[PDB]
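Generate coordinates for the entire structure from the input sequences, incorporating the hints supplied.
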Amino acid sequence: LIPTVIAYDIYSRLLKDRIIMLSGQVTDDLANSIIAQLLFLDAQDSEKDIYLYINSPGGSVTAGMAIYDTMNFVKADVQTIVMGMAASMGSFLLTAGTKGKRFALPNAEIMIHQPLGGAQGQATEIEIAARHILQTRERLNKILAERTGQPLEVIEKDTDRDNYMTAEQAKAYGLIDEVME
Amino acid sequence: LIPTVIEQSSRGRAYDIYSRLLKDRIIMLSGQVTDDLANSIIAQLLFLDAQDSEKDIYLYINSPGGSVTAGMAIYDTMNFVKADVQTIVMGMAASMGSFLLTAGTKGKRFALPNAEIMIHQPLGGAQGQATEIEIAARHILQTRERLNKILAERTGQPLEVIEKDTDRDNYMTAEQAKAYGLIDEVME
Amino acid sequence: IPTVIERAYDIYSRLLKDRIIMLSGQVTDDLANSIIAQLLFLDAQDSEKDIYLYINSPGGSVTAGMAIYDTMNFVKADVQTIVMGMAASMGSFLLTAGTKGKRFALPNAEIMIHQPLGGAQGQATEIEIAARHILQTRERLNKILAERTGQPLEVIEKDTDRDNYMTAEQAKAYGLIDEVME
Amino acid sequence: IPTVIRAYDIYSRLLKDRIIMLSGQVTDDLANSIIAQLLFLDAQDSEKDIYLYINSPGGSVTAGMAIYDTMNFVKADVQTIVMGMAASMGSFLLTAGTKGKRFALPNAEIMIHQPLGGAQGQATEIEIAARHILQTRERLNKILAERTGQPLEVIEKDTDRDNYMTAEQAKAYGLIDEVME
Amino acid sequence: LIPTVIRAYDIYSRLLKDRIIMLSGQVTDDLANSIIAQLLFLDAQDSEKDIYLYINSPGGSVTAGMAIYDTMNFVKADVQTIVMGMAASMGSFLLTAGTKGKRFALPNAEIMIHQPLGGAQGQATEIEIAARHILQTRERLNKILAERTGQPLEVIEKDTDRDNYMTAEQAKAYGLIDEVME
Amino acid sequence: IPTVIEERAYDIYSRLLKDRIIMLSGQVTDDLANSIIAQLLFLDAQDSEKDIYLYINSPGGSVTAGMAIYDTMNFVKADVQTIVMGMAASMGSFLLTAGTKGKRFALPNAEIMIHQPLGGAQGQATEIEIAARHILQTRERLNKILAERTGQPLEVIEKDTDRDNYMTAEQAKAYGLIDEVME
Amino acid sequence: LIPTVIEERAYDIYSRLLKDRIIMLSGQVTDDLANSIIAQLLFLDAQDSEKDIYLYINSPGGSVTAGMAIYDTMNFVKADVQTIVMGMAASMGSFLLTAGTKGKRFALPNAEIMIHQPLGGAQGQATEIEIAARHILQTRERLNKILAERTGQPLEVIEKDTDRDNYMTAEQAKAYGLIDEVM
Amino acid sequence: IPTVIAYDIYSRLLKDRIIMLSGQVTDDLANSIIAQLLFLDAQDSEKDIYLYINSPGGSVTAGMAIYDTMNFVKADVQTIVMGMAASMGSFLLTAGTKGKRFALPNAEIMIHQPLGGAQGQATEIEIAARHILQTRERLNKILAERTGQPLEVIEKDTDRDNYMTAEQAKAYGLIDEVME
Amino acid sequence: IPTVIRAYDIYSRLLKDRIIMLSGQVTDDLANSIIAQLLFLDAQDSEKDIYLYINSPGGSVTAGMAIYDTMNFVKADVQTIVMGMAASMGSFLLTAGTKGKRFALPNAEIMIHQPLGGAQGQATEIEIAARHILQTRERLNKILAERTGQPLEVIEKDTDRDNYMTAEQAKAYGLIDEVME
Ligand SMILES: CCCC/C=C/C(=O)N[C@@H](Cc1cc(F)cc(F)c1)C(=O)N[C@H]1COC(=O)[C@@H]2C[C@@H](C)CN2C(=O)C(C)NC(=O)[C@@H]2CCCCN2C(=O)[C@@H]2CCCN2C1=O
Ligand SMILES: CCCC/C=C/C(=O)N[C@@H](Cc1cc(F)cc(F)c1)C(=O)N[C@H]1COC(=O)[C@@H]2C[C@@H](C)CN2C(=O)C(C)NC(=O)[C@@H]2CCCCN2C(=O)[C@@H]2CCCN2C1=O
Ligand SMILES: CCCC/C=C/C(=O)N[C@@H](Cc1cc(F)cc(F)c1)C(=O)N[C@H]1COC(=O)[C@@H]2C[C@@H](C)CN2C(=O)C(C)NC(=O)[C@@H]2CCCCN2C(=O)[C@@H]2CCCN2C1=O
Ligand SMILES: CCCC/C=C/C(=O)N[C@@H](Cc1cc(F)cc(F)c1)C(=O)N[C@H]1COC(=O)[C@@H]2C[C@@H](C)CN2C(=O)[C@@H](C)NC(=O)[C@@H]2CCCCN2C(=O)[C@@H]2CCCN2C1=O
Ligand SMILES: CCCC/C=C/C(=O)N[C@@H](Cc1cc(F)cc(F)c1)C(=O)N[C@H]1COC(=O)[C@@H]2C[C@@H](C)CN2C(=O)[C@@H](C)NC(=O)[C@@H]2CCCCN2C(=O)[C@@H]2CCCN2C1=O
Ligand SMILES: CCCC/C=C/C(=O)N[C@@H](Cc1cc(F)cc(F)c1)C(=O)N[C@H]1COC(=O)[C@@H]2C[C@@H](C)CN2C(=O)[C@@H](C)NC(=O)[C@@H]2CCCCN2C(=O)[C@@H]2CCCN2C1=O
Ligand SMILES: CCCC/C=C/C(=O)N[C@@H](Cc1cc(F)cc(F)c1)C(=O)N[C@H]1COC(=O)[C@H]2C[C@@H](C)CN2C(=O)[C@@H](C)NC(=O)[C@@H]2CCCCN2C(=O)[C@@H]2CCCN2C1=O
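Chains as they are written, first to last, in the authors' numbering: chain T, 3 to 8, 17 to 191; chain I, 3 to 14, 16 to 191; chain B, 4 to 8, 15 to 191; chain A, 4 to 8, 16 to 191; chain G, 3 to 8, 16 to 191; chain F, 4 to 9, 15 to 191; chain K, 3 to 9, 15 to 190; chain L, 4 to 8, 17 to 191; chain M, 4 to 8, 16 to 191.
For the record, the hints were derived by calculation from the structure and aren't laboratory data. Beta carbons are placed, not taken as given, at the ideal position from N, Cα and C, and that holds for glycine. A portion of the hints provided could be inaccurate.
Claimed, not checked - Partial selection, computed: residues in chain M whose CB lies under 10 angstroms from chain L: (1) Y21; (2) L24; (3) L25; (4) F83.
Spelled out as structure tokens, the structure:
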């Protein structure tokens with residue numbers, strides 16, 4: 003499945027030029043790999059930018075926040091380019107790229123919505139899970155407000171249901187800085 | 003299952020066959036278009052344009068289609084790189100496969116003589132509350148409209164013709180696809 | 004299912026002799042057919058005496074419900090509705106369709122209103138057709154609710170956007186029912 | 004299924027008054043019951059009407075055509091009332107009621123579309139199946155044209171995809187004669 | 003599911026009092042047993058009055074069908090056959106087995122004729138036995154079709170090679186039935 | 004299952025049993041065997057001078073259930089006529105040919121099949137040897153009975169039951185399984 | 003499962024055969040297999056278009072479009088492609104066998120060759136089924152024309168002969184025109 | 004799979028012209044065996060090839076592919092059964108070069124008729140029946156040649172599963188020697 | 004599976027010192043590996059012994075016989091040590107080691123019993139399969155008789171049901187020569 007060039019596998023070759031591929035569902039396993047790569051790249055050289063290409067429908071909130079926190083932590087600027095899709099945690103990591111350096115390819119789809127979950131058990135247990143997810147929504151929304159410049163109450167209205175945006179629409183909304191042609 | 007080839011070289016080389024073809028700027032797009040496939044193709048397109056933007060890239064396609072967004076990722080990458088991207092369909096290019104075929108640089112889109120090409124409308128699914136279904140319907144109709152506009156540009160056909168011709172599964176011969184504008188030449 | 008006694018009825022049939030219909034569980038085509046048959050039979054037998062429709066239902070098929078709704082309005086007899094336990098979705102719709110002044114809830118009944126649920130699969134065109142259909146279904150039901158409750162249509166839309174659980178007292182205040190019976 | 008006092019089950023009591031219930035999916039089993047009932051009622055008295063109440067999403071084309079052919083066979087007029095839903099073969103049977111005696115309750119849903127099927131195997135086998143279903147579409151559409159007064163080419167455009175109609179829309183179109191309030 | 007009519018008969022039993030037999034759905038051993046019992050009972054009761062066999066069937070077991078076929082020919086009474094909806098495979102075979110001059114189709118009936126279907130697994134010898142058996146079955150059924158229709162045997166072989174759908178009128182023309190009844 | 008009126017109301021099979029007809033249809037199981045046996049016994053008690061009619065449409069089934077029916081047919085004082093309609097295979101054909109001689113019939117298009125017993129064994133070598141001895145004894149017993157019922161010599165019955173052997177009604181009359189084909 | 007051979016260089020056995028211009032087409036024809044065969048065909052022609060390519064076939068068939076991709080590639084490359092069937096070449100396997108350069112299509116003496124019509128399925132609305140039927144009939148017609156050209160048989164003979172599964176001996180296939188010699 | 008000093020053990024045996032045929036005969040196994048036979052003949056047609064067989068059989072056509080390849084190569088192909096050679100396994104055993112077909116003393120050899128299945132219309136079943144009968148006839152003729160037995164004996168003896176001892180198989184003509 | 008330093019995997023290192031590990035179920039695949047190893051080691055040097063460590067619950071009769079026949083074929087003496095368990099074909103291969111050189115670790119379990127099998131179908135087919143498995147039992151029992159010095163009829167009585175032995179019991183019986191402490 004994965005070609006080699008002269017000897018690196020193609021993804022490792024891209025990493026030599028400070029490119030990280032974030033593809034598919036955001037899981038603990040993917041997060042661990044992205045994080046290792048971000049750390050390695052910042053140790054090697056904190057003056058040169060990192061490029062994070064994103065094509066993801068989302069996934070684990072916590073796995074995403076681990077990547078998010080690691081992006082903010084490294085000294086180097088992290089540029090983000092969405093290609094294809096950035097939905098849910100994918101769009102959250104897109105908008106976390108260093109401001110001025112968050113891009114979408116012209117036909118990318120960006121989607122924002124509320125966190126999804128489940129709770130089962132006694133009334134008390136369901137209340138604890140409800141509190142937890144609502145706190146998670148509130149924390150992510152505050153971050154979105156800061157990343158976009160939109161006020162908090164606008165982010166709440168706009169994430170109530172699945173909200174699909176064009177690359178241009180996302181630029182207008184504040185999620186990205188430029189559409190690259 | 004995947005054979006390897008050796009190169010008698012003065013610096014000291017064993018490639019798997021697909022990697023040997025990539026040395027000569029050929030990319031194989033085979034099977035269903037998924038996020039994993041898209042990622043590989045995109046990496047390969049980027050790597051080849053970095054290495055040399057003056058020399059063409061050759062994208063061989065045999066695919067029944069797949070993810071619209073994965074496809075659009077590849078489409079946008081083809082247009083991004085400085086190098087011309089030639090496209091050859093062998094066997095089948097259906098749905099997103101045919102869309103990528105016709106996205107090759109104009110004048111350099113080919114079909115092997117017995118290739119099947121098919122175009123249709125996007126497929127999807129939605130479940131839930133009326134409002135959730137309305138959102139999904141809007142989204143897929145916007146996706147149809149965007150892909151149709153690009154097809155109009157890529158083929159020269161007017162938009163309203165593209166709409167009538169993608170309403171149902173539309174199979175074409177390599178010759179029919181040349182006539183229609185999807186490709187430039189049938190190669191013997 | 005117990006029997007009572015010289016004629017011998019099953020208990021539900023004995024209640025039907027006194028003009029009581031039990032609507033229990035999911036609203037399906039089979040249940041609708043039975044309810045409708047019972048409504049018709051009771052009206053033929055005597056249109057001057059009221060019919061009592063007891064409801065404990067989480068909902069079900071919109072069209073099966075509408076069949077029952079239309080039948081309730083068709084028969085000359087007044088149809089009183091009492092909710093016991095639950096009336097959700099098409100259940101609450103049928104509750105509020107009872108003759109005005111004769112729609113009741115037992116004190117600890119749960120009433121719920123929301124939007125129709127569905128699914129669509131296939132080509133963009135097919136999805137559009139299904140979307141139009143379910144939105145038209147939402148609109149037609151919401152207009153009927155507006156009439157039944159006295160609430161304006163736009164209030165009904167905001168209030169059915171998500172699952173909206175109500176107390177018997179809250180439902181009386183909202184106009185779904187007329188009285189809470191102790 | 005409740006009983007009423016001779017002691018009848020409720021559906022059998024309605025049959026004494028010449029009402030037949032067609033509910034749920036049109037299968038061979040359902041068709042056989044409806045057909046038996048239709049035949050019985052016509053034998054018993056051909057001067058008095060039969061009332062066919064329909065709530066059905068459709069089903070077998072051939073099982074439907076068995077009912078259709080029987081409705082036309084019996085001397086007695088067959089009135090049809092849709093309550094809830096008449097889709098596909100359900101709507102076809104609705105419109106087959108005697109003209110002037112086809113009704114809908116006010117909130118009935120009526121749907122018309124083209125026949126559905128499948129075929130598997132050799133090219134020859136697929137061709138035979140394709141010819142068969144196309145001939146079935148053509149026959150049904152001709153009958154619909156007659157039943158509605160619409161011209162054949164209108165019926166073809168209008169059954170191309172799922173076509174949902176209001177009771178009022180169906181009266182306008184010719185499927186039914188009256189909406190009963 | 004099955005209504006009753008007033016002595017109190019279930020609807021199928023009431024039709025049997027007037028010498029009508031309903032053959033509906035798949036032809037199985039169970040169905041064959043019922044049809045056969047009914048045919049025998051009716052002939053014992055009165056051999057001078059006709060029997061009416063309504064058919065709506067996609068076919069089924071060859072041997073179950075042959076049991077019904079042999080019984081139809083055995084009884085002294087004429088057996089009229091009417092197809093309504095579908096008579097495919099063994100269904101169409103039993104349709105055409107009705108007494109000549111009294112085999113009917115309703116106008117929109119579908120009739121289908123084809124070859125027998127089967128399977129065999131095992132040693133070469135076992136597969137040869139099974140092949141010989143189903144070919145002999147085909148040949149015996151085709152001979153009887155030839156006789157019932159007036160078509161020569163080699164025409165019946167060409168025409169049953171693949172699924173062959175016929176209109177009521179086409180089936181009249183071919184000899185399978187005598188009249189289309191309006 | 005339809006019902007018929009005489015005012016007495018029988019289910020159709022029970023009406024046939026009033027006239028001494030027993031239906032053996034489908035697979036021969038312990039449950040079916042129990043019903044057939046009860047009916048045979050009842051009919052003989054009621055009157056041993058009048059014949060019993062056993063209609064058979066069966067692909068076979070349990071050897072021991074079949075043998076229960078066979079033994080009961082021979083036990084009862086009344087003659088048991090057998091008519092095959094459709095199919096009589098394996099134990100079905102064995103019961104067909106067990107009818108009283110001179111009164112075994114086939115409808116003209118009936119299929120009759122004879123073969124060897126089928127079985128299975130799993131476990132230790134000793135356990136499989138036990139099972140093999142048992143099924144071979146079963147084959148030998150049934151073949152002896154078939155030889156007597158048909159008039160064929162044992163060695164012919166062995167060659168002819170080695171594999172599935174389908175017969176026409178006429179072929180089964182020629183072979184000795186039945187007495188007449190009834191038109 | 004797959005042994006290796008030494009020459015200071017170590018090849019897996021299939022790769023060693025590819026060094027001598029032999030391609031193995033084994034098992035079902037899928038998009039994955041087609042992609043591998045095609046890569047190999049192109050690589051070998053680039054490396055030297057004057058020396059022949061040897062395509063060994065043991066396949067029951069598979070995807071029509073995957074097969075056509077291999078077919079079109081065989082015709083594209085400058086080098087002659089010899090084809091040898093060993094064991095089986097059925098459906099798309101026999102199509103590829105007969106696509107080898109004329110004069111250089113072989114069968115091992117006990118090879119089985121089978122030709123038939125394309126297989127498929129269609130589900131949905133009448134319109135959708137008509138589209139699918141048209142497509143598969145066009146596919147049959149295209150393949151049959153090619154077979155006519157490759158064998159010398161007239162088109163109407165190819166249509167009668169592919170109506171049902173048609174198994175041929177190596178000698179029968181030589182007689183029919185699908186191959187040139189039995190080796 | 005252990006290594007020796017660096018070959019994997021099967022590859023080390025192939026350096027000495029030994030091919031292992033183990034387990035079910037499938038298209039994948041046949042492909043590997045065939046590649047190995049071809050490679051060994053190209054490398055040297057004067058030195059023998061040794062095919063060790065432990066197999067319950069499998070695909071008739073896969074087997075015939077191997078059979079035809081054994082006869083094609085110029086080198087003599089010796090066959091040794093160890094454990095089992097049933098159905099196509101026994102057919103390949105007896106295809107080794109005459110005088111060089113062996114069994115280890117406790118080997119089981121079994122011959123029978125081909126197995127198959129058909130489903131569908133009477134015509135389709137007839138086609139399948141003709142095909143499997145032709146396959147039986149072809150394999151039986153080859154067995155007759157390979158063993159020296161007359162065709163009619165091969166037909167009676169393959170009617171049902173027929174298990175043979177290494178000594179019984181030598182007496183019958185399937186192999187030449189039992190090796191101790 | 005660890006490696007040790016040339017760099018061998020641990021099993022390959024043991025094979026350099028003429029040790030073969032027979033572990034788990036005896037299958038065609040396992041047999042093929044063992045056989046290849048036995049052959050390789052005899053070609054390399056027929057004067058030095060081979061050591062076959064056994065921990066196996068048994069498996070395929072024919073696979074086991076393949077290993078048995080190979081052990082007898084090779085010029086080199088094959089020592090056998092059971093560790094843990096040698097049941098069914100495992101114990102058969104244990105006792106096939108060169109006499110005087112068959113060992114058990116003190117707490118090894120040895121088990122002998124009869125062959126297991128199955129047959130389905132016609133009486134004739136079952137008789138064939140019964141004859142075959144009885145001939146297999148007789149052939150194995152004869153070899154056990156020779157290997158242990160017990161008479162055949164004792165072997166038959168003693169393999170009739172599962173027969174578990176201690177290392178000491180197995181020495182007494184003749185299956186092995188020594189218990190090694
Ligand atoms: C226990 C035995 C009687 C069971 C009751 C059936 C009944 O009331 N059907 C409703 C129609 C209906 C069906 C449905 F499924 C749901 C629904 F909401 C309404 C009905 O028509 N009631 C009539 C009396 O019945 C009839 O006239 C007849 C005879 C009866 C055996 C069944 N007719 C009907 O189905 C039809 C077709 N009704 C009519 O023809 C008349 C004429 C104009 C159309 C409507 N009709 C009426 O409304 C009559 C006139 C006076 C009031 N008026 C009923 O109550
Ligand atoms: C509604 C009434 C129907 C009940 C009839 C049952 C019946 O006919 N049983 C068979 C035995 C039998 C059972 C079976 F499961 C299978 C089978 F092939 C045969 C029977 O024995 N019939 C006798 C007359 O009936 C009896 O003597 C009684 C009384 C009855 C209530 C049931 N006896 C029996 O079960 C037994 C054990 N029969 C006997 O004990 C007598 C005495 C000597 C031993 C056997 N018997 C007979 O054979 C009698 C004398 C000669 C003929 N002879 C019957 O027909
Ligand atoms: C291990 C490395 C070898 C890779 C081999 C690639 C190759 O041979 N492609 C085929 C086209 C093809 C693709 C496919 F997917 C299936 C198939 F059957 C055929 C090809 O066109 N070969 C050319 C010569 O090679 C090329 O010109 C190049 C350069 C190379 C890096 C890959 N070019 C191509 O892919 C294409 C598209 N070929 C061309 O662009 C030329 C120019 C005009 C359009 C078509 N071309 C040809 O037909 C050339 C000219 C004469 C014949 N003519 C080849 O044989
Ligand atoms: C062996 C190494 C192979 C790596 C090649 C990567 C490459 O070409 N990325 C595309 C961006 C892209 C990403 C993607 F995921 C999909 C896609 F279609 C396109 C790219 O930007 N190419 C640049 C040249 O490279 C860059 O400037 C860098 C450095 C490189 C290690 C990766 N940069 C980027 O990812 C970004 C963000 N590009 C830029 O920073 C510049 C500055 C302004 C924004 C966009 N840029 C360009 O377009 C540059 C300027 C001129 C054209 N222009 C490229 O071709
Ligand atoms: C409501 C009660 C129904 C009772 C009738 C059943 C019946 O009609 N059986 C068919 C035979 C038959 C069985 C079957 F499973 C399928 C089938 F197509 C046909 C029958 O034989 N009818 C006879 C009259 O009935 C009988 O003679 C008797 C007595 C009765 C209790 C049942 N007999 C039979 O089963 C048999 C074996 N028939 C005969 O014994 C006579 C004598 C020679 C053989 C054939 N027989 C006749 O054909 C008789 C003589 C005159 C015409 N002739 C019937 O109609
Ligand atoms: C790592 C490389 C070493 C590979 C070793 C293989 C080996 O030892 N095979 C056994 C045969 C055998 C196969 C099997 F699958 C199971 C089994 F128990 C035994 C073998 O034959 N050993 C011979 C020496 O080897 C050979 O002569 C050759 C050449 C070698 C590459 C493989 N020959 C064989 O397979 C055959 C067929 N053996 C012979 O031809 C000779 C001639 C008469 C028949 C048996 N032969 C021998 O026994 C030779 C003669 C002296 C003793 N004598 C071995 O030890
Ligand atoms: C080629 C090797 C690549 C390894 C890259 C490691 C790295 O970048 N660690 C992050 C911490 C971190 C961990 C994590 F799991 C996620 C995440 F987002 C961030 C880091 O803090 N780097 C330091 C550099 O100095 C270190 O101590 C590094 C060296 C490395 C071998 C491991 N240290 C650490 O684990 C941590 C935890 N660093 C510290 O604890 C220091 C001491 C006080 C607390 C915070 N620290 C720093 O902030 C140091 C000093 C100033 C900035 N400051 C780094 O960048």
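For each hint given before, does the structure comply? Return the numbers of the non-compliant ones in rising order. Of the numbered hints given earlier, the structure breaks none, since each of them holds.
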